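Shown next as structure tokens: one chain only, the form solved without the ligand.
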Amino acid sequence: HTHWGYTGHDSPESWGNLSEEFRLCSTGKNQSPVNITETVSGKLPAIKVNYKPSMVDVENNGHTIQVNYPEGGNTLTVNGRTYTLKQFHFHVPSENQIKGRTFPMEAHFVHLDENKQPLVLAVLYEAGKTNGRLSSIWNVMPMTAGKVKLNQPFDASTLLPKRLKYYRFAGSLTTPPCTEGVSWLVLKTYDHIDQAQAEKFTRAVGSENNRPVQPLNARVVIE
């Protein structure tokens, strides 16, 4: 596709101008990420997560470190609707902010339902002790653009907190073409990582990979 990045001439502020296909990045009114400040308290449906030990591959596509799921079986159910986990990746530092706070890292679990409707479940990481559950992925992390098949099974359920309360809002993909119509569920409970793990990620990717926050406009964030 058309080349884009986080630094230089093809930075986020230039995404909508580097290709007609990326126009929504600059003209969209329902863009992600956002800075969650004010919220409307509401009775949100409980999410049911059904992740399991699976055979996955880890790739460095030059924009992030992504863990792919070629086989089905890992799903998230919310309000009677089932979404299949396609992949999960990270951003260092975080893209979304809570009351203006940027976190060391943020993970995005990308799902699709039967009708190709996208849903992103987000996990924020605070600076703290080493994350032992991410060690498997970090150990085989391609330091240059490429894909490697994780030989041992990986269970993404280990990456989710016990309590699944979340913030909900409508948004878009945070990378070109910035497609809208994406459901965003940001978990309110944070996980942790150390400086070394975050630094290694930036090394592999080549730069910080977070898109600046976008205005909420007509949207409200439910909590």
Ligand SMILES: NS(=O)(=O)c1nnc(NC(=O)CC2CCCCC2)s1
Second form
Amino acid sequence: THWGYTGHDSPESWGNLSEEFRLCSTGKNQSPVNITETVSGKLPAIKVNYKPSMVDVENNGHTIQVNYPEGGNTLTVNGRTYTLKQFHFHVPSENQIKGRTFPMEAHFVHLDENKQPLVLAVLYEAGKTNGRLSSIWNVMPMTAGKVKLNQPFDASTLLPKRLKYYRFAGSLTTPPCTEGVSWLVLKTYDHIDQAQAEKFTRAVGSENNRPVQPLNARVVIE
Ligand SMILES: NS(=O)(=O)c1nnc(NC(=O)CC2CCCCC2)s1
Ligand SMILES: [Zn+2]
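Okay, that one was the form solved without the ligand. Can I see the form solved in complex with the ligand too?
Okay, now the whole complex, with that chain kicking things off.
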């Protein structure tokens, strides 16, 4: 069933579009969130194991996604290795820090051996063109369709050297809004410029950011 960010299909309505999307409205750990107060805790360090891989880029009406057919881009935290299935973008950002909304957000989506989801998010400030993201922008399908990018791609370079993060539990930010998703949101911002935001949006069709969901009982660790 169709869903989106304007009209009757918009997030306020995802629950009612079908039986499967019901959690979108009745969830109590829904993403995104606005990150206000936090608990200072001694979090486990992220280990990054990203390397050049043969990737392919997809526009599906909703977002611009880079998919990894072959495993071997992984991420280790507290003993468990999480495999990157894909990364993708939202303009503007979905999550917020202290009321604040970022020009763009990227979500690196992993599963461990046990099919336990983990999203790693990177927020982008407005600034200089993003040189590392040009490879992907330069062949971004501006209407629905999957090309297959011919230069290996190093997600390595989209992650910062400084890897402090907010930690909470949540959900898919797109239907069916499944919960039980680990969220790790990176304190070091990257950057994109005006041209890049508008181009992603041009292509996707609209702003693609679900509204911030109430934390409820959840604590964000910092
Ligand atoms: N907008 S977002 O970053 O929260 C999303 N990222 N991935 C999404 N869906 C999938 O990755 C497929 C897969 C299917 C079942 C296991 C978990 C997720 S929504
Ligand atoms: Zn996302």
